[PDB]
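Residue-level listing of the chains:
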Amino acid sequence: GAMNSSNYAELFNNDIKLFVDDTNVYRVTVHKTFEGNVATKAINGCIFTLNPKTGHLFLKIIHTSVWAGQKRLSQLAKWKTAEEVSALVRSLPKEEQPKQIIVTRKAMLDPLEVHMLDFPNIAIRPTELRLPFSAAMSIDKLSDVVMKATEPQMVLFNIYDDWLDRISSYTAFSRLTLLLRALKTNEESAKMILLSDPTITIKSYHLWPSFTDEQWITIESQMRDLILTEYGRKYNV
Amino acid sequence: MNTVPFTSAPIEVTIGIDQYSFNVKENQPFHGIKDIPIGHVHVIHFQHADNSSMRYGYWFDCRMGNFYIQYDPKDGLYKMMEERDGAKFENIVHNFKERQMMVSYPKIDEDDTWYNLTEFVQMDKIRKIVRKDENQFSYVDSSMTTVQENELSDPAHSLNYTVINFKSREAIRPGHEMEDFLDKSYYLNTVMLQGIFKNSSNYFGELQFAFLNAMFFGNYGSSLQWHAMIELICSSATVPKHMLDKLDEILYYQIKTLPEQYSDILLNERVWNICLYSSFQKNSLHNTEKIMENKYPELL
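Chains as they are written, first to last, in the deposited numbering: chain A, 1833 to 2069; chain B, 1 to 152, 170 to 317.
For the record, the hints were derived by calculation from the structure and aren't laboratory data. Be aware that one or more of the hints could be misleading.
Computed list of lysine to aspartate or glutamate pairs in EDC-like fashion (alpha-carbon distance at most 20 Å, straight line) [to be verified]:
#	chain 1	residue 1	chain 2	residue 2
1	B	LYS184	A	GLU1928
2	B	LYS307	B	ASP262
3	A	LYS1903	B	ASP262
Pairwise CB distance ranges, derived in the manner of DEER restraints [unchecked claim]:
#	chain 1	residue 1	chain 2	residue 2	range
4	B	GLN211	A	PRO1952	22 to 30 Å
5	B	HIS303	A	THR1886	54 to 62 Å
6	A	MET2024	B	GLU151	37 to 45 Å
7	A	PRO1952	B	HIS174	38 to 46 Å
8	B	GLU196	A	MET2024	35 to 43 Å
9	B	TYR294	A	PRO1952	51 to 59 Å
Positions of the beta carbon are idealized from the N, C-alpha and C atoms, including for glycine.
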């Protein structure tokens, strides 16, 4: 059934599962035409498919060409998400295929479900959690690879860098979602927080700075303060 | 004009025949229903005064044999039976009429209701949904489950309706996932019409038989089956014009006939709003839409 705070630790057991988020699949800029009407221009997007236990990210880049000559693109985007996820599952060896797929937006259930009819023992689940995976294009390395792509492309990342060498999946996921939550509420500050110190660099093969353990605490605390502040400002509390 | 005699009426029971019904008192001298119009299926059903649960009933066609009702005190129900002795049967029937112990099937001559509700229903198809091939008539009751219900326990008592599932391989061609799920024309016309049902009349027949079982016995999975079959049509972009026109007539008389006090369980809000207002065929059910709005605007 639906995933929520009650059954939260299930994400870290040894049943293979993937989150799928489709928020950046179909991305537009909105602009005015010469005659003054509004028109959109699509840019490249990505499917964000992530195993929360291992950190493995299957970034499927959605090239603007996909939309060429199509109607109802926002509807088509859910089906294209589900086509690509299904093909990913198929491309995986049997023992690697997920037992569950958890979609971050309920509107994905029917498309994926239909696309997955060949995998009746793969359970397709919604979630009640308000996960921040939309801010995945706030990670400079992910946004760069997406915006540069000239054809459909799959890119593999570990979204946890090398954290799991030192912390659990549970703690690794809580950091990720805290980082992304801050990037989502206030990207400029969030990114300021991460890069202020020029002496802490991002490894070529990583997404995030190589903070020591103690520096991560200060970062996580700085990200927490960011999020709480933005809340009082939103609501005047 | 045909007759269905009753041996006796030992228990207080409300008897129905088609859309008509009569209260009969414990050991009231009631002995049958006469002047039943030949040429249509019929259903004679029952609801004991003491157990307003379990409505039950027998579908039949008088051209297929001479049938009668006999209360069984072991099993506690009015049973339908066939008399093979033709002579012995006209004798019972003629003598009960002479004594005038039979109600007349009360058909108004202006009234095409029963015809309209059974237009496509054929006894031969009823007996494939309710498999019990030693009898020529068919028993249904409130509690019988359908083959699709059973998949999600006793198959001898199942309603073997045609299974319709919008999220199945049957319904969805590979490579046409999004097309076939948003537009069920493939499933409707190739899989169901041409494939399984062979023609539209067998389709409407089951559709109608499912409605009638929902209405007369409150059989919940028959209701489910009626909604499914409506939805598949309404959710197909390409439907023969003759089917759309007939469907508007079929639903009209079904909505027209439903007890007003029952619209809440027998009518699925989602399906009806989708068919009448969202679906490809929103504009094709003008009579069914006019009558729904003027009678159950709440549901909508």
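Find the hints from earlier in the document that the structure breaks and name them by number, from lowest to highest.
Numbers 1, 3, 6, 7, 8 and 9 - these are the hints that the structure violates, sorted from lowest upward.
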